[PDB]
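Engineer: Next come the chains, spelled out residue by residue.
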Amino acid sequence: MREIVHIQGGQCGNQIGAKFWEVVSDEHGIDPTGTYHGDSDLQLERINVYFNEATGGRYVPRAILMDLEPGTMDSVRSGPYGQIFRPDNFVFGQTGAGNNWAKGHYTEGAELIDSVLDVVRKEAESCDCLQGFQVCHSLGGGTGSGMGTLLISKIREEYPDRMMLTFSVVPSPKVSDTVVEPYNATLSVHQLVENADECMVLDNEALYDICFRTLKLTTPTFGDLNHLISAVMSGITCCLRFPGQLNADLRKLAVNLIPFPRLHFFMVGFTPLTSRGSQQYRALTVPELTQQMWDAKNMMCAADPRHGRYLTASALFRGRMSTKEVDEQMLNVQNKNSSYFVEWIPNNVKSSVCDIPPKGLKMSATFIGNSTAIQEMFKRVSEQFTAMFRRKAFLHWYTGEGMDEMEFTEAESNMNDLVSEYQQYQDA
Amino acid sequence: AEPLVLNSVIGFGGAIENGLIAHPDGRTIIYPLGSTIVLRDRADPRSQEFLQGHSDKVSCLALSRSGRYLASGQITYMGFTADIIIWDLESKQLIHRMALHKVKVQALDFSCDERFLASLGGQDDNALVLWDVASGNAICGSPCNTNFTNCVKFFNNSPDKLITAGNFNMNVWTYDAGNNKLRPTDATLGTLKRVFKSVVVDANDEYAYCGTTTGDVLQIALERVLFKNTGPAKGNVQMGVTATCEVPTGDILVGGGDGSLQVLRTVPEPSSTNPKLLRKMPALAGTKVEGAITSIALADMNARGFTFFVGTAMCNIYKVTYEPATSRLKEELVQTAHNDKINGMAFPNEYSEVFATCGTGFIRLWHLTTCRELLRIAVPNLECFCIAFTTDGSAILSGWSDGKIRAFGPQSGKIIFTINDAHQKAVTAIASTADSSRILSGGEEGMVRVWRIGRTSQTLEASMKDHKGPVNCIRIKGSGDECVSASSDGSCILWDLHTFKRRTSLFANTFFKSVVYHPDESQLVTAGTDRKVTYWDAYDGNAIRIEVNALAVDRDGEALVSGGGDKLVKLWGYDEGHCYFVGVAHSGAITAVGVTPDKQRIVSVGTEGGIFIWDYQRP
Amino acid sequence: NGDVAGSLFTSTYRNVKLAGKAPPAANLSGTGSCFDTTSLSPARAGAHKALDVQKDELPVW
Amino acid sequence: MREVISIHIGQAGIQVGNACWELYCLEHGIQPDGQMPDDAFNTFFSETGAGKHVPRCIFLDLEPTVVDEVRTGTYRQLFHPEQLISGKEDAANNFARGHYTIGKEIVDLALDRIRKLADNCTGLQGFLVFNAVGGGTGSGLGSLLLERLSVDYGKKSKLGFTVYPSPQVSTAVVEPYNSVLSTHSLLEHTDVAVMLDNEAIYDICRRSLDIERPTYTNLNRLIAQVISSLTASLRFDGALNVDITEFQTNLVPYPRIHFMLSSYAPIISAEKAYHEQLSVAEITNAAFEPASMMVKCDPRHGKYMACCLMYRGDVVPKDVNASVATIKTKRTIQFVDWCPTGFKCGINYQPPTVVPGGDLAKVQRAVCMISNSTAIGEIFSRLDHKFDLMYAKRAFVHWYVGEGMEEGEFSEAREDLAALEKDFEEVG
Amino acid sequence: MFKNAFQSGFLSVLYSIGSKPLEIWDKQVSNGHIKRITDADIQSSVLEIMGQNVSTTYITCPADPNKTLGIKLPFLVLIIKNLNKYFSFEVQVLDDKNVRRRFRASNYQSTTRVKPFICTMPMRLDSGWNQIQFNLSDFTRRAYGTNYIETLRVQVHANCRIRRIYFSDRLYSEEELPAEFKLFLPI
Amino acid sequence: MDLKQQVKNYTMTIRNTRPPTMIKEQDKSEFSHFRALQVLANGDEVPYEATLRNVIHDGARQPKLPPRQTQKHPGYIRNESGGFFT
Ligand SMILES: CC(=O)O[C@H]1C(=O)[C@@]2(C)[C@H]([C@H](OC(=O)c3ccccc3)[C@]3(O)C[C@H](OC(=O)[C@H](O)[C@@H](NC(=O)c4ccccc4)c4ccccc4)C(C)=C1C3(C)C)[C@]1(OC(C)=O)CO[C@@H]1C[C@@H]2O
Ligand SMILES: Nc1nc2c(ncn2[C@@H]2O[C@H](COP(=O)(O)OP(=O)(O)OP(=O)(O)O)[C@@H](O)[C@H]2O)c(=O)[nH]1
Ligand SMILES: Nc1nc2c(ncn2[C@@H]2O[C@H](COP(=O)(O)OP(=O)(O)O)[C@@H](O)[C@H]2O)c(=O)[nH]1
Ligand SMILES: [Mg+2]
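Residue numbers (PDB author numbering), protein chains in the order written: chain w, 1 to 428; chain B, 2 to 547, 555 to 627; chain n, 2 to 62; chain 7, 1 to 37, 46 to 436; chain z, 1 to 187; chain x, 1 to 86.
Hint data in this document are derived by calculation from the structure and do not stem from the laboratory. Where a beta carbon is used, it is the ideal one built from N, C-alpha and C, also for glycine. Possibly wrong hints are sitting among the right ones.
[Unchecked claim] Keeping only pairs whose Cα atoms sit at most 30 Å apart, straight-line, the calculated DSBU-like set for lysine-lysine is: (1) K22 (chain n) / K35 (chain z); (2) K96 (chain 7) / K115 (chain z); (3) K164 (chain 7) / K405 (chain B); (4) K311 (chain 7) / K401 (chain 7); (5) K18 (chain n) / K235 (chain B); (6) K64 (chain x) / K359 (chain w); (7) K103 (chain B) / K154 (chain B); (8) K72 (chain x) / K336 (chain w); (9) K289 (chain B) / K277 (chain B); (10) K405 (chain B) / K72 (chain x); (11) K281 (chain B) / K162 (chain B); (12) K297 (chain w) / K379 (chain w); (13) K72 (chain z) / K20 (chain z); (14) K229 (chain B) / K22 (chain n); (15) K379 (chain w) / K174 (chain w); (16) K342 (chain B) / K426 (chain B); (17) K235 (chain B) / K22 (chain n); (18) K426 (chain B) / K478 (chain B); (19) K96 (chain 7) / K405 (chain B); (20) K466 (chain B) / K359 (chain w); (21) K103 (chain B) / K359 (chain w); (22) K24 (chain x) / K216 (chain w).
[Unchecked claim] Partial pick of chain x residues on the chain B-facing surface, computed with a CB cut under 10 Å: (23) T17; (24) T21; (25) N54; (26) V55; (27) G59; (28) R61; (29) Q62; (30) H73; (31) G75; (32) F85.
With the sequences and hints as input, model every part of the structure.
Structural biologist: Okay, here's the thing in structure tokens:
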């Protein structure tokens, strides 16, 4: 039960999905051939949440791979873990996205959704009790933003009761690999707020620092960044997969984190994170894991917590430990930094716990926080957008797809309305 | 004095990839142990010659052609250099001792000319270095790249180029003549990301074959290094290719990480349907062996086929005789060895022909005159501690890291009983009464308990004898009724067990590992951290005081045999106290020692994963 | 019903690239570049082929 | 003739049950395989046609991830699978999802399991609930169930051992919401309800047994001891035998006031057991210690409307008469005027049995003190506070109104508490 | 099997939507095929079975013989598409007396003929999708004058598209049925 | 509760009705092993795998995570008042 279907949009989303499916395939101990070669029974009790059975004792992922320009889909097929995907779980088109949110969401998106919806419906019905969805965006490119939102809007009006996640990678405030990037960001946000339930936001810039300071990596390639997104994405669901003294389904994480329907942009962090040297000296206890997670550096988003207060947070532990320690740790933190939380919320952390740790480790944890610090991120973009929209730069591409200007003005105002709500509950 | 003939040694270095070697045109099998190399006779499974020159543990093994000297790598501690050692043959002693690779040694190989020896750094400090053999000195050195390489191979001809593969990289390096440099050329493969594990070169440097964690066996040309053919058609190896080798007929033996051992004939074939396209490699013969295959060596029998010595991760050695005439592949199991860290020894009472070894995965049974282990009672995940025979000849008791005791029989059938929650965690010592009516269990959380045992009904009584630390050992007088419990606080306690009232005996200078009675006497011998073999009085006294872990005595108190953290075995005239007949070459922390009651044999076993047999002579 | 124009290219790519499946071996004799006109062969397609079995391989009764 | 039906709703409920039904099979020699090698077990078992003894319990839950653990644990041979109920989806800490949308569809199932279980019992003493307030299942469903019970029996007695949301330590952000809603509905249905919380027991393991790493499994062993000593007279002999009817008539003077605290003594490890004598005077003093309570309440901030004592082991009736005289002499303890008496005691001759792997030690004496004190209204005032502290912001209310509820129930659950709070003040 | 279970309002034996719908069913095909495809009218998955020689391509409800499907609910309802081909299905019944009757309904038959152990009867299927309900307790009374106790086996032959098979315990109306136990044909 | 869980419960009911007979979940060549051992006792020539016998048990799931040690060093933490933990 609680099965979950997984979607990957855009190039990046298709790439981190290659790791998420490679990390999990090793967790439950299956092979690149799709055969199981683990040892315990916990590898099999809740395997159905991530896989469908196959003939001959194979396991294939409940994944969908959507992206134009099928060149990328040859890559993931050629990776060491491409042989587990059903080669008909591949929807694509020869034409490019071009980073134009419009065509990704108006012209070339409308040509594929009828096929994608055919595929997601097919394996939405392959689940006994479908828990929810989850995607992998990239708010910069046109595939991720344009196709992702159009897909999401379709799912929402078809599966209203279910829940939609989003591991959207936000653009960088300092770095802009593209130029029309703020146009793709704001236009997507005008869709997510009303058409999602939980939306993690992640930025590669913070992923570079974490790999630089903590991990002491010299050359963090995109794999390592993807290796981190994979790590957390597995940490969210170990309750659904493994036994736990206090299990946390995704719907109970929702209700404990979003007091208002619109404040569903989260802030994520993983722990423990050390180099190979520090691994020898540091000891793995609940104290280490909670001070590291409550640090302002582990936040993979380009937002400073100290500029805001946690409306609510939540920590997920996995590893044989004592529940009392994690119960008082979240208490002390709630006491000392009383300025970093709110008053109308008496206890604003939830401390779930699982019984089975990661593969080679013995204790681990994951931090999720709904702080008002994220309002900074949207503030920034809302300038770069209103900077060029004041000059109508690059806008002719967007009128080239039957769009108008009202679409932007409505979209921008939606964020200014949103970030306004993050200020109301931040009484400084 | 060191007269102690080494009659038998059973052990094998399992996970040492390519560790198994056969003497070229020789009568010896070479393979590593805990910290030594062993040269067994190819035929007489007694003639062993061991080479011990490393400090921590052998990690890689390479043997030059023409039965010439062989190189052995080594793993070391965190920040201390590794130690490659070149060992001569036809003399069997050290020649050179080279030091680099601060973390460990990853790969070694000789060139076709025996003049060059290439090394590969560990995970950290991963660089490629060349060594001269006349002068044990580094000629050339260069760091490969960030994606750390795994294996390196000299070309069979032109001993001036060598191919190396790793995580996401393959290169061919040629040693320049004008300087101390070597130039690499990278491998160009079409949008392929494969974690190469094993690499082999054909006889004529035409095609390099390379295994893969995915399971492919990529064959590439070597004039230019580009890729040619993927791997085994009609499927894909299960756990990825690990142990690959070449049969002289041009075909390839492939062994995956599951035990699938097959033969791929690699001749460039055209695709039947599409003529300008190639097929994949077919599979002539295939078989299943027990465990992941890690090492393959050749033996040219030439009558029908070839006999390959195959060392699997489960420390089993197979003799795979394959003849391509009828494409028939038959395997035989030559020798088995324990896996790692043999925990407990056990002798059946009044029996000096069979014994039992509790290890970290399951219980094995062996006998005296030959290894020829009898059975392996398996328990999947949790490990066994302090195997024991119920007195007078009866069941086998085994307490596990779960905190539960379980009983088995001779054929051991199905579990006689399971005393669960016998301690808090990790029951550590277990003893039985001379009447097989009660069983003592000393747990790791500093507690002692005893269970009354009927014939088919078990009795769970609440003794709860509280001790000060983990119970290393528990002994009981076979003559009367008493108990001794050692500790990781050394306070050996004499329990009466008639009233269970802890006869107030205490011995506190350090924490102890093994205590033994003198047979039919009020004496005691205890062994702990500091070198102490002190003889006590059962009447609260210390007769005499003379890193040690294990003790044993004969029928009468003739020869106290002992061992510990030191890699030796000390025999003592008990009444006199001299260390006559001391034995060496047990590479690791020896854990247990036994005397084989009826006969004169001393069995020694330690954490290295091996077992040794010596004779017994006392003045 | 559904169109046939679009489906074909995506199908051919999914079959040849994604899976290890074959084209399989489409004969392109007589056809050179996109500029030179091909030399049309006199053969006809869907033609039943004669029996190739030898004389003697036929068993006797 | 004298049997009880023990229900276990929610994760904590069935967790504690995994300790109670662990203790009872040892208290009566029942092997884990159903059968040992009269009336000493009928209260908690029912011998089958031959050999096996099934525990007359019910394990109910909406999260499959924990019931399926007993389904594969060592204690599967005990339970017939028709007892262990599960569900494809859980309540996710929403009272409405537990009480309105999901719980409505499985009560008819369990109600038939009970009806199939009450008929086997000849003399039905009473039900034995294990609610865990603070979740969706325990609160939403458990309350829906008890409504369906009082319409069937009414005259029967429905007990309850409800873990309450602790003031300081709390692992939910919304649990002040559901807690109020649960009490507003269970109060008029149940007739007596024991109350306790986690942290009060966390300290006891630190003070008395001195274990720095207590887990949920440790507290569960202590809840096992409370009940065994409570129900021993139902299954054992002894002077002043106590029955639920005679346990209930003289402890709830008013219909509304039925909540009460608990306590237990002695609570010591093995080494502290040898340097003692454990006189009946020691225990009754330790039992009356406000620190030995199982709820974070200050009894000295109120009086004792009534008290009750169930001793165990080697006691004689005169010393209790002597010790209770010593207690009525001290001034720290108060009693309201309209109750001159207030001590309905009881003895049994069967000592407390210790479980191997347990933290307690073997003792030939024990006391379990239950008392209805007007001091308990302070902890109700906390939940009285946090509710309006958040309902002022209408936080999380979109979940409840979105799940078959409205604002009316909140306001109506509100008034009941203020009315209940004044009742605790009308006694003075 | 299905003994000592709980059947009060509904009991679904087969559902096209699921990780593995033929958990308990045995499937035997000789010149046919079984698969799960997305229907067009009811835009969801339907498990279709087809093939020549109707009497040979079928699926039995209990996984193997000598194992009965103890179910005591009177009404039995199937949701089937009418492919305008030969379709038939059979249901075995235990009477109050220990005698196993069996009734079958065929669309290629035109007359009903009561027999000691069998009762064949025609079925007048509609066009396209339709749900068919069997009283299954009036039938035993009308045929053999006895009482219904409990079904034993169910079997459905070729040339049909199944969506739902469920016992109802009474004739529920289109309103009283839950969302899953009804025909919602979209546009 | 549902079809899948009812099938599950019926299978579990069958498992409980049947005696598990403390079974070992794998049976190797019992009498062949005995016969090979008797051949070794006197004839002194038996294949190694013929002499071998293998028996497996369930053991447990949960593949040997290392211990948590449940306790610090008795020089850092003290009980409430000065005093070790046990
Ligand atoms: C001797 C030892 O313990 O080595 C560790 C190790 O030293 C460290 C440094 C590991 C190591 O990780 C890295 O080196 C690394 C590099 C780039 C980006 C991220 C990590 C390790 O690779 C990671 C690896 O951890 C795992 O396997 C986790 O269970 C992790 N696994 C993977 O992500 C994974 C997936 C597929 C293939 C390989 C690895 C995981 C995390 C969450 C959920 C599931 C799995 C282990 C134990 C180690 C090494 C090998 C050095 C660390 O990673 C994790 C997630 O454990 C880096 O920070 C931790 C701390 C560990 O101590
Ligand atoms: N003493 C004790 N308390 C526990 C235990 N497990 C959980 N709790 C507490 O019980 C409360 C939640 O119980 P749950 O059963 O998980 O909640 P629920 O009723 O199932 O509602 P949902 O989570 O929506 O399904 C929390 O306060 C827990 O801290 C336990 O094992 N022992
Ligand atoms: N973590 C990670 N992020 C990437 C990677 N590649 C691209 N990104 C980012 O994803 C954005 C581009 O999105 P993309 O999918 O390529 O364009 P689209 O096809 O129009 O959606 C850019 O901001 C990239 O920096 C990658 O490999 N790993
Ligand atoms: Mg819950």
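Engineer: Against this structure, judge whether each hint is valid.
Structural biologist: Against the structure, the hints:
Proposed proximity of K22 (chain n) and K35 (chain z) is supported: the alpha carbons are some 24 Å apart, at most 30 Å. For the hint pairing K96 (chain 7) with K115 (chain z), the CA-to-CA distance comes to about 45 Å; that exceeds 30 Å, so the pair is violated. Straight-line distance between C-alpha atoms of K164 (chain 7) and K405 (chain B) comes to about 44 Å, which puts the hinted pair past the 30 Å bound. Taking the CA atoms of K311 (chain 7) and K401 (chain 7), the gap is near 36 Å; set against the 30 Å cutoff, the hint is violated.
For the suggested pair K18 (chain n) and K235 (chain B), the alpha carbons sit about 18 Å apart, so the restraint of at most 30 Å is met. Distance check on the hinted pair: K64 (chain x) and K359 (chain w) sit about 12 Å apart at the alpha-carbon level, within 30 Å; holds. As the CA atoms of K103 (chain B) and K154 (chain B) are separated by approximately 22 Å, the hinted pair is consistent with the 30 Å bound. This hinted pair checks out: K72 (chain x) and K336 (chain w) have alpha carbons roughly 25 Å apart, not beyond 30 Å.
A threshold of 30 Å between alpha carbons decides the hint, and for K289 (chain B) with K277 (chain B) the separation of about 35 Å lies outside it, so the pair is violated. Note on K405 (chain B) and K72 (chain x): the hinted pairing holds, with a Cα-Cα distance of about 25 Å set against a maximum of 30 Å. Between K281 (chain B) and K162 (chain B) the alpha-carbon distance is near 28 Å, which keeps this suggested pair within the 30 Å criterion. Note on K297 (chain w) and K379 (chain w): the hinted pairing holds, with a Cα-Cα distance of about 21 Å set against a maximum of 30 Å.
For the suggested pair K72 (chain z) and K20 (chain z), the alpha carbons sit about 25 Å apart, so the restraint of at most 30 Å is met. Simply put, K229 (chain B) and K22 (chain n) have alpha-carbon atoms about 18 Å apart, close enough for the 30 Å limit, and the pair holds. A hinted pair counts as satisfied when its Cα atoms are at most 30 Å apart, and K379 (chain w) with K174 (chain w) qualifies at roughly 13 Å. This hinted pair checks out: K342 (chain B) and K426 (chain B) have alpha carbons roughly 19 Å apart, not beyond 30 Å.
As the CA atoms of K235 (chain B) and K22 (chain n) are separated by approximately 13 Å, the hinted pair is consistent with the 30 Å bound. A hinted pair counts as satisfied when its Cα atoms are at most 30 Å apart, and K426 (chain B) with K478 (chain B) qualifies at roughly 27 Å. For the given pair, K96 (chain 7) sits about 35 Å from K405 (chain B) by alpha-carbon distance, which is inconsistent with the 30 Å threshold. Restraint check for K466 (chain B) and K359 (chain w): not satisfied, since their Cα atoms lie roughly 38 Å apart, outside the 30 Å limit.
The straight-line distance between the Cα atoms of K103 (chain B) and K359 (chain w) is roughly 28 Å, inside the 30 Å bound, and the hint therefore holds. The straight-line distance between the Cα atoms of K24 (chain x) and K216 (chain w) is roughly 50 Å, outside the 30 Å bound, and the hint therefore fails. Of the supplied interface hints, the one on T17 (chain x) is violated, with its beta-carbon coming no nearer than about 20 Å to a beta-carbon of chain B, more than 10 Å. Checking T21 (chain x) against chain B: minimum C-beta separation of about 7 Å stays under 10 Å; hint holds.
The criterion of a C-beta within 10 Å of any C-beta in chain B is met by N54 (chain x), whose closest approach is roughly 6 Å, and the hint holds. Given hint, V55 (chain x) at the interface with chain B, holds; its Cβ is 5 Å from that chain's nearest Cβ, closer than 10 Å. Residue-level restraint check for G59 (chain x) holds (minimum Cβ-Cβ distance to chain B is 4 Å; threshold 10 Å). Proximity of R61 (chain x) to chain B holds as hinted, the smallest CB-CB distance being about 7 Å (cut-off 10 Å).
Given hint, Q62 (chain x) at the interface with chain B, holds; its Cβ is 6 Å from that chain's nearest Cβ, closer than 10 Å. Taking 10 Å as the C-beta cut-off, the interface hint given for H73 (chain x) is violated, the closest approach to chain B being about 14 Å. Contact between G75 (chain x) and chain B, as hinted, is not supported at the beta carbon level, the nearest pair being about 16 Å apart and thus beyond 10 Å. A cut of 10 Å between beta carbons decides the hint on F85 (chain x): the least distance to chain B is about 12 Å, and the hint is violated.
Checked against the numbered hints given earlier, the structure breaks hints 2, 3, 4, 9, 19, 20, 22, 23, 30, 31, 32 and satisfies all the rest.
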